[PDB]
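Student: Given next are the chains, with one letter for each unit.
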Amino acid sequence: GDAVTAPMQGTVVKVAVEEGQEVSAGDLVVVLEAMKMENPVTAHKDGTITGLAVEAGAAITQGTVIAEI
Amino acid sequence: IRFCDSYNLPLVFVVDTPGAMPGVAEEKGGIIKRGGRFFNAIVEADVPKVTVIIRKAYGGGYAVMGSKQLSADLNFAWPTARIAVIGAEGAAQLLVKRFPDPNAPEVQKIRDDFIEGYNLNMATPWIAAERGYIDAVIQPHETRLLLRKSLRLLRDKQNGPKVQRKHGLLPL
Amino acid sequence: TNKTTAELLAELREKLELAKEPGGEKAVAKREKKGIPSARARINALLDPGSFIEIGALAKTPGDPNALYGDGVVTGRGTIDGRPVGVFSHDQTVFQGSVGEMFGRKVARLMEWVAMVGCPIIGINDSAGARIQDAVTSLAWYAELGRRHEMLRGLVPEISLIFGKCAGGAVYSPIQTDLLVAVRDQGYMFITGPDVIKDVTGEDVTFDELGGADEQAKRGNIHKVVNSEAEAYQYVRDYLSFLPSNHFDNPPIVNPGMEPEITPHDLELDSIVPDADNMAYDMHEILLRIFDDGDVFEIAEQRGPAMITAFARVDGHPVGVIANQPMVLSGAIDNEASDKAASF
Amino acid sequence: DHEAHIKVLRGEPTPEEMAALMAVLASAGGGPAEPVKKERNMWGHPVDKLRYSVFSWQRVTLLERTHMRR
Amino acid sequence: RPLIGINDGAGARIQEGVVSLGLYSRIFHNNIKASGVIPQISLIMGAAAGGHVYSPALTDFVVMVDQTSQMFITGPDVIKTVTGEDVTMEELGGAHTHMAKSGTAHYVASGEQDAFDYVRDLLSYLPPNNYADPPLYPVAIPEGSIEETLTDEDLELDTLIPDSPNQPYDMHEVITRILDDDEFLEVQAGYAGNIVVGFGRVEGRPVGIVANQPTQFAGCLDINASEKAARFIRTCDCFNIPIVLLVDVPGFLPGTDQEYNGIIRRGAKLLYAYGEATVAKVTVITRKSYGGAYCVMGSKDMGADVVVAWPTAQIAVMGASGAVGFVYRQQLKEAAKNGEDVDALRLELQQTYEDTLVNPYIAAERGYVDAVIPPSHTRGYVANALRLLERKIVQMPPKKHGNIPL
Amino acid sequence: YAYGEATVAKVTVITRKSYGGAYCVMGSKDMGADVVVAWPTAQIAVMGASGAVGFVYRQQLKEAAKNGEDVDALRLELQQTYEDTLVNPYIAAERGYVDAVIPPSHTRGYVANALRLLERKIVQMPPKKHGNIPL
Amino acid sequence: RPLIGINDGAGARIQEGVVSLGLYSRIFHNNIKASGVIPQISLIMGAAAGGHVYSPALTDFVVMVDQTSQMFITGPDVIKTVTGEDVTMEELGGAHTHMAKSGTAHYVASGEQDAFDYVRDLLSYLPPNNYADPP
Ligand SMILES: CCC/C=C/C=C/C/C=C/CCCCCCCCCC(=O)SCCNC(=O)CCNC(=O)[C@H](O)C(C)(C)COP(=O)(O)OP(=O)(O)OC[C@H]1O[C@@H](n2cnc3c(N)ncnc32)[C@H](O)[C@@H]1OP(=O)(O)O
Ligand SMILES: CCC(=O)SCCNC(=O)CCNC(=O)[C@H](O)C(C)(C)COP(=O)(O)OP(=O)(O)OC[C@H]1O[C@@H](n2cnc3c(N)ncnc32)[C@H](O)[C@@H]1OP(=O)(O)O
Ligand SMILES: *C(=O)CCCC[C@@H]1SC[C@@H]2NC(=O)N[C@@H]21
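For the record, the sequence lines run as chains W, D, C, V, S, H and U.
Per the numbering used here, residue 1 is the first one in the first sequence, and the count goes up by one each step.
Per the numbering used here, residue 1001 is the first one in the second sequence, and the count goes up by one each step.
Per the numbering used here, residue 2001 is the first one in the third sequence, and the count goes up by one each step.
Per the numbering used here, residue 3001 is the first one in the fourth sequence, and the count goes up by one each step.
Per the numbering used here, residue 4001 is the first one in the fifth sequence, and the count goes up by one each step.
Per the numbering used here, residue 5001 is the first one in the sixth sequence, and the count goes up by one each step.
Per the numbering used here, residue 6001 is the first one in the seventh sequence, and the count goes up by one each step.
Don't read these hints as lab results, they were simulated from the structure.
All C-beta atoms in this analysis are idealised placements derived from N, C-alpha and C, irrespective of residue type, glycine included.
Hints may be right or wrong, so weigh each one.
[Said to hold, decoys possible] Simulated crosslink set (SDA-like; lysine to any residue; CA at most 20 Å straight-line):
| # | chain 1 | residue 1 | chain 2 | residue 2 |
| --- | --- | --- | --- | --- |
| 1 | W | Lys36 | S | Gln4395 |
| 2 | H | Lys5129 | S | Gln4395 |
| 3 | D | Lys1157 | S | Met4396 |
| 4 | C | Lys2015 | S | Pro4374 |
[To be verified] Using C-beta positions, here's what the derived DEER-type ranges look like:
| # | chain 1 | residue 1 | chain 2 | residue 2 | range |
| --- | --- | --- | --- | --- | --- |
| 5 | S | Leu4123 | W | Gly47 | 46 to 54 Å |
| 6 | V | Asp3001 | C | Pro2260 | 45 to 53 Å |
| 7 | V | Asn3041 | S | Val4327 | 52 to 60 Å |
| 8 | V | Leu3062 | S | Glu4153 | 20 to 28 Å |
| 9 | H | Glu5094 | S | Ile4079 | 32 to 40 Å |
| 10 | D | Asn1121 | W | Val13 | 58 to 66 Å |
Assemble the whole structure, with the sequences as input and the hints as a guide.
Tutor: Shown next as structure tokens:
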């Protein structure tokens, strides 16, 4: 699927994209603070960021859809 | 020991020794290599090794008379055991080598107090027992039946890992 | 606040520079006062330049604020003539080089290493006495180190360099090894020192009479006496050049195929034996001619001098030579000749 | 310098005769020096096919040594 | 000799009846016999149904082709009949399913020629059989000490670890700098990405890498990563390939589903594999190595032949915020009765714990670390150890086989 | 894997079904089962008769559908013929994958007698350091 | 000879350093050496936490006592912090969980004597080692 989803519960510290930006596989999408790590969540495929759903400082649960590429 | 290992007899060590006999005659007689061969044989042997300490186990006497560090399998001590690097009198003597004034009353008092403290706190079963260098401190009457139980446990001992080769070398 | 990665690496580098002289300035000064090199300087002169890799440089006694890095021994691995070896060297600047727990653990680890790889081990001994503050620990670790010769005896060559007073419990590990080389007037070996021999037995004896290098060589406890540590290192190199690394591998082949025809030196043997049956002669005149060259490398030459035990080469292959020496006691096989031959 | 050189023990060639000689000798060289690519493969080694008595000393000095020698 | 199977077939030929099952049984029996004896490589290049799946499962490496290959025991129609589930063959058994979900495919090729290239790369690391040495390329080693022979690429390791312990780095940056020519053949790259495993060379000599990956689940161990690395280790050890572990593991991944799916039983497979292995085992600790994950990831008493730690290594029972709770719980309770700023007290005690213990030196003092090294030295220490440990004279007690957790 | 590697005595009693790949897993002869016996109720087949007849006699059922026959009744009759002909112990016994078909009451005696025969086994396998079981 | 471990412990003794981890590693390495050499039986008779769980997993049989023994790597409070899941230690690691869900416990005893009876029964079927004759 196109959904980039939060692999861990954590706190959104930074968003590395904007809505409608092109992204390539392995581009950074978000930084989640989980397990005391600034865990990078990255785009799995080339496309365009749509439905950007997360905000700086937001806590999000595992399986939250972050964006659709 | 080599004969007994060759014919698969278990070895029981019964210890009461100050260690190697000191002196120029023993050194010239070869005490270093002969002790080396005693050490070599005891470690080489594959048979079950059980030790009972009765009183003294000082220095190389402790080591060679089936210590756990030299691969003895089960180690017991009577409450009279005394396990140490050197006896109280040898420790006191080097103590008195410094500030040596051996004619004075005060240094004889210092020796007596040192020997008393040493035989209470150092030359005992209890440090070796608390470190697990020996497996148990036992009432002397337990010894016969405890030897039976131990050697029954050890009857099928397999000694390894050992690398098979032509032979072991020994001080010779 | 954590330190940066650069700061952590700088800390490591300065801690390693500390651990190369862990006894500190006063012990460096006392060593220079006696004129001996450090344990590391010794290892670095033995091994091939730059080959030394130290193991456990940062080891310390657990639970001891007064512990010093390395616990009194240097251990590691390197090469001699490009061939792997393990090496340890006693460091008399830390706790007088006495056997602590971590001293024991490090030397045990090294002995297990050389058993696992199958390479020679060289011990540089100068003083590993009992540790005054924890002598029962020293007793236990003398025994623990001793036990691990089980992994090595007849599997890999063991060599002991006697560069100091090997006394007390310290004598029993070296005497297990295959080759003991002592420096004259510097190396000594004895269980009980002169002071205690006096106060127990009443006898008077000197260090040289009790355990001097040439006495222990005549008694056959020492295989070689040399005048300097550099000569000890060269004797070790020459010795190892006749030997495989372990019980399984092959020895090096040196100069095969020399002199394939009968030579004048071969023809000198036809008249080398004296005419009269009572006349003694030097057997080295024969040994220097029947092998590939003059490299008859003699071992324990002082022990039972009616007997020669030496390495030599035949068509480049090393051999052991057992020869009677008619020049000494008519070449009769005495007590020390017998045990020298049996060991060799 | 301790390599063993080619020696012209007798005769004195001109530079062109020396060049012809050395070119021919180099063409006659033995090819690649040694088979350094040779790899250990003990599968089906003859010593494993022998019958050994259960107490045979050749288990140590033949079988084991052949497997372990490197 | 290696056995390559190219698998493509609709299972048993139904008209023949039970004889086809007898031949399947015989094929499987030979795969089991050959297991650990000769390398077995299975290409999947079409739909493999029914009995056709179990032979690949028994071989050592499975290479699948993207879109054009499938494995499944029972087809979508039976699945629909029995469970109601509607699924395509691609969703059920495609290469992506067996990479990312089931952990069965070791590689997912872009096409048939890419699959063949991967198989040839594999064989270039593997010996022909377990009595043979892996093919060793002749490489000109520089002469001199480890310090004297450092390259610029080695010096790039001295600055790689982020200054923050909360910042990840891609462990491939380490792997490719210690390996020859940067060449790493990653195995099973799309599964359990919190651990990276694969083949490379050091001075011409094949090695298996096992490395924690901070960028995925902070590099925690979990069920899937444990099983991935366990079987990779056992394959290397079957075929005499030495292993190098690059360690940056905070612990096991917390969660109820890890316990219910059997993290204890299945994580213990990685302990068993590492402890069984008798090839050369080298450990490089690059930051964290905590607790039970420290024990798992190539500790000294699990038989690691050489353990080195970078200056950034953090070896401890547990993270300092957990440890303080227990080692100072009395003091925190007294301060709570006094009504103090116990939060600032916890911060101060935690900072003291980190400054005292959360470093490489306590393990180096115990001799659990053989040397604390500048990161640039890693390749030299590895190359030295691997050269010396070509033959290791070590042995297990005689047994028919072990009893690994399953 | 575990069954194939095992070198102890391995005895199999088939009571009713043993289909497909599970027949291979559950102690088949060629997986090294020393003695396989089957009860008269044993059913050894590649697959259940409905699937088998859904496959062989496919096309035949489809031209029956094109001719407008009662293909469900034909499918039933084909299922019964397949069950009666093939879904039994005897094709396996004819190929010697079953060593005997026995009255169920004989099971304890057969097992005891086989275990006594197999109490000493030599089985020879290629040399390995260890196997590589799936994990 | 068989080794019986009775396990009941809150992990590594945290005031002691990494030394506890070194001893855990030595114990696990011994379990792996002994695997398939001597029978190894683990009784769980309390909360086994952290490093205490792997030795049972490496032994041959695990007997847990119902409702009074637990095994878990990570405690409920860390689970709560990292995942938000509330779980009791009994749900996380109880004997029922390790029987029915994770497949780690070989028996769930109704009490300590029942656990010992199961262990004695197990041993009665086993030889003392991989080369002795069976009982
Ligand atoms: C097929 C395969 C098969 C193969 C199988 C292979 C199997 C192989 C197995 C092989 C097995 C191997 C087995 C190994 C066994 C282990 C050995 C046993 C342990 C002992 O056997 S253990 C006893 C210890 N004993 C004696 O022994 C004799 C008796 N000997 C003594 O009783 C005395 O020890 C003495 C004097 C005679 C010895 O000589 P000394 O004692 O060494 O010297 P000293 O005291 O005169 O030196 C001056 C003193 O001044 C003090 N001091 C104070 N301040 C300073 C300062 N600032 N600087 C320097 N010094 C200072 C300090 O105390 C120092 O003494 P230190 O530093 O303590 O040495
Ligand atoms: C223990 C193992 C078992 O029990 S397997 C039992 C039967 N399993 C099957 O796979 C039956 C058929 N399954 C399928 O869905 C397809 O064959 C799969 C594997 C998906 C491939 O599809 P596709 O590429 O479209 O092929 P297709 O279905 O058109 O068949 C092509 C030809 O092959 C034949 N075939 C297929 N499977 C079998 C089989 N198991 N036994 C005997 N013949 C088989 C088909 O009848 C067809 O032959 P034809 O040339 O069309 O007459
Ligand atoms: C931090 O806030 C405390 C909880 C996270 C601790 C980390 S998570 C990953 C490791 N596994 C574990 O059990 N503790 C470690």
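Student: A separate judgement is required for each hint: does it hold in the structure or not?
Tutor: Each hint tested on the structure:
no.	hint	result
1	W:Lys36 <-> S:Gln4395	41 Å, violated
2	H:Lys5129 <-> S:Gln4395	11 Å, holds
3	D:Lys1157 <-> S:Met4396	16 Å, holds
4	C:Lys2015 <-> S:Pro4374	12 Å, holds
5	S:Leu4123 <-> W:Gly47: 46 to 54 Å	37 Å, violated
6	V:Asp3001 <-> C:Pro2260: 45 to 53 Å	25 Å, violated
7	V:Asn3041 <-> S:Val4327: 52 to 60 Å	56 Å, holds
8	V:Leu3062 <-> S:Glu4153: 20 to 28 Å	48 Å, violated
9	H:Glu5094 <-> S:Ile4079: 32 to 40 Å	34 Å, holds
10	D:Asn1121 <-> W:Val13: 58 to 66 Å	60 Å, holds
The structure does not agree with the numbered hints 1, 5, 6 and 8 stated previously, though it agrees with the rest.
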